[PDB]
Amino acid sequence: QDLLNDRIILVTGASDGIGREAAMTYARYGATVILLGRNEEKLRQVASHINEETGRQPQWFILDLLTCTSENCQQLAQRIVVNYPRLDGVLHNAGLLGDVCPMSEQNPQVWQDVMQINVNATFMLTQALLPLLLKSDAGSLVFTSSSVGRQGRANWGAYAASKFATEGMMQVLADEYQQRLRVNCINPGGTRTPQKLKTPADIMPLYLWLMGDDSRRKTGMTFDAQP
């Protein structure tokens, strides 16, 4: 089907399970996909597979969210502007889980890395990409949340803190961009990272819906890809 024909969508963390699947799904539904990640070799392989499966070859760009500066993000936007006239969607799928252990045991360097990737670099990249999103007829900006971004639970430490921060950033952005951008979060749920869990392919309907026109009047919300 053709939901995303003539839509240009950037996917971060594009080499991991959910990111790869989202990139492939968007391409299957007609999108021009841009892959972002740390490792050129993994991105090239993802792009090659998408091309084989869809006839569409995504371009890719390198950014390491753990260490990037705002200037690096601005340079990435500049590279995008040479080849693309707008972004219709940005899916922020990059992330670090970090330690799953009590607060008394959480490693402080790991905590700082989780916050730096999930919150600070995600913010910096969003800022760099807002002008391109504003050029869409209806840009859609999607962050990745978690159940522990809405109710903190024991052992989830930095990840929980970072996903609450993500919900808050999303809400601030949605308020600022009423009638200009749609800004929402997806909680993928527990995914096949065991036969008890759903696979990334199973949770794709919500990923598609948030990028297609059916969700144009939806902003400021957090959605569960499962339940």
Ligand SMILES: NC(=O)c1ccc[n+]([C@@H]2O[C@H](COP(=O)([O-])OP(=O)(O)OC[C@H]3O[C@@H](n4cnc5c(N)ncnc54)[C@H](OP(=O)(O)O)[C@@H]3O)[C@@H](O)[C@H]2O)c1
Second form
Number of protein chains: 2
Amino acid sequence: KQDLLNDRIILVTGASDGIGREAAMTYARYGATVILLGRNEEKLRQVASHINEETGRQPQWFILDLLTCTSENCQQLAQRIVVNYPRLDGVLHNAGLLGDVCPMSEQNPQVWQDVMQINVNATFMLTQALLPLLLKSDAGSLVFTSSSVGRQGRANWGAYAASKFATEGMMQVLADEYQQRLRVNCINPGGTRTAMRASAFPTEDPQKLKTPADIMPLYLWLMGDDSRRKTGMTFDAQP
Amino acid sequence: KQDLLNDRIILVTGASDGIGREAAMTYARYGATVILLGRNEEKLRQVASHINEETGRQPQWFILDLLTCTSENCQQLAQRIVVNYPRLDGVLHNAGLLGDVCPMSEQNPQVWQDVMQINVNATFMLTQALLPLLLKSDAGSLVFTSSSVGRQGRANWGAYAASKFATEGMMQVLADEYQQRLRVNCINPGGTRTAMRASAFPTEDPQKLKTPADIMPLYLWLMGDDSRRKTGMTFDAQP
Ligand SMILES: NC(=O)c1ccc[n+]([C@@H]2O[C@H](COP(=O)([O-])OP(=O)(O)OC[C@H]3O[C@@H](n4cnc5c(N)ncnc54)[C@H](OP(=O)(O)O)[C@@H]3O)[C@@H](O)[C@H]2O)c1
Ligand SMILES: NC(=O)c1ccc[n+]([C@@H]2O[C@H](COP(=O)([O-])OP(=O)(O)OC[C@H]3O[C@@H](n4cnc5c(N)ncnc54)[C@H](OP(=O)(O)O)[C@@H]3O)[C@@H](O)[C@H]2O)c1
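Instead of the form solved without the named molecule shown above, give the structure for the form deposited with the named molecule bound, please.
Full assembly next; the chain just shown is listed first.
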């Protein structure tokens, strides 16, 4: 089992914390060559070093701030990747901003715009930049991260709900365009023990939640060979 | 029938052309006091004058460019409305930008951002500004405009599909927050004979399409009293 992802090159955004960190570390343990994207340099250095402890292979990391990056910035990142890696076998878009959790009448419009910029616009721009590398895979897998409020909007979820709906739509468009070329799917992690969840639910007991490690089976499956015919779908990590 | 919307004050965005123009004119014919929002001053003047021909009542219009308006701009507009109108009984968010219809790899990121800004962000900001007026209605009705690609993403629909998914999500959040206070719903017009449709489908015969006038029954129903218990739903004008 331990070589499930041997010779698969997988890029993970939001790899500096929470679910993305766990995904990057888990993929590396299963033999993948991982590329870490994040915003916080110190956190990325820490994750890369912990992957080196666990696997003896030190992954490369890149800084890309999704709030402010331009299309040119994403293209430049892709060019830097091309120098060291001949393809991408997987891209996991896990980075996300929660924004305000409060009624629509109280949503801060600057924060609303930021949520849309990171979760949707920059996620799209990065996708555009990385598509040529993904198409070089024998069976590239592109994964977006949704939420239950990306399937059914609920009170107080504001920009986050709008952005995760947009994410499902973007995934569906891409799956349709890349039939028999790429697998394109969404994962809904479910409520998971991270800082984002704790901010969204400040009074909930985090010990009642599954951890990122607990929800990894779906993350592995989508990057492995058993999911090869599956595209255009949204999967719940906690069904 | 001709006084169905007597003493209902209804604001319509994108009232300068296409479906929005038809909705504004139709609501006025049924007795509504209509407020026209658009970008093109000459078109708004023309629609207001044609409403005056048809009803002998000249509606007010306001310019608000959804690409560049700030939250402050929307608040200022709401203040201007408050001067002349004590409430809003309906708000129809019909304005929209199509953006590029082409594969994801060819989508222009500036255009993508514009589509998200008009269809989602400024639509949200305007909603925030108008909510207090809507809450003054005995039964306020807030209507967003979706598309079939806001329910199922398809190839080439890019930012537009993402934005209409976000629109469905925003509608669902609002419906949940305003239970037994407002009706909040989406209309999917279906393929309708307008300039937007003709650009999206340049080779299609527009005479094969229903016109905006043809799809008005649903637009009237959502503003009239027979839809009073209906919220959180998306309705197809062409089922
Ligand atoms: N935890 C849950 O219950 C839950 C449920 C449903 C969906 N999700 C989704 O799961 C994904 C991961 O979230 P999480 O719970 O693991 O939260 P998290 O621990 O706070 O991690 C979020 C990650 O996103 C990155 N990120 C945020 N803003 C960024 C920006 N401007 N530029 C680049 N990267 C940015 C962060 O990077 P830096 O630390 O380097 O700033 C961090 O690595 C998100 O898409 C979230 O919506 C989580
Ligand atoms: N026609 C269809 O087959 C179809 C199908 C599904 C959904 N829809 C939806 O129906 C709605 C109406 O579209 P339509 O077909 O009637 O197209 P249309 O004739 O081109 O009308 C679009 C309206 O949106 C307004 N608008 C565009 N950009 C704006 C901006 N930056 N600021 C303020 N207003 C702006 C335009 O105003 P100005 O003219 O003043 O610039 C125009 O009044 C849209 O939401 C569209 O997505 C249409």
